[PDB]
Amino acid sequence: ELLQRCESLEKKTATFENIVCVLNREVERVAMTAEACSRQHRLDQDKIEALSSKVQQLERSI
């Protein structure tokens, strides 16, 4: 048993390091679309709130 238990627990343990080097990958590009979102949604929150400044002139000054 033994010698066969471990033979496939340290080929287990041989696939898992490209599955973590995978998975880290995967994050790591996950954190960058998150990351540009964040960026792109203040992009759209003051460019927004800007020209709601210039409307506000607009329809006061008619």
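Numbering follows the first chain given and starts at 1. Rigid core here is just the name for the largest C-alpha set that superposes within 1.5 Å across the two forms. What changes on going to the form deposited in another entry:
Aligning the rigid core between these two forms and inspecting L51, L9, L43, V22, the C-alpha positions shift by 2 Å or more at one residue, which is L43.
Having seen the form deposited in one PDB entry, could you now give me the structure of the form deposited in another entry?
Partners and other molecules omitted; one chain follows.
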């Protein structure tokens, strides 16, 4: 029984450690995504500023 409740604890536990080890990996892939994507828009806010600048000069000729 205690010889066995406890071998049960061992098992249920390893499974959790194993599952949480996969989620750690999942989250860090997801971080690379969010980071790559956050720091790229840094560019996208510049091309947008260049544009609306061109569109105002083009709006002032027409």
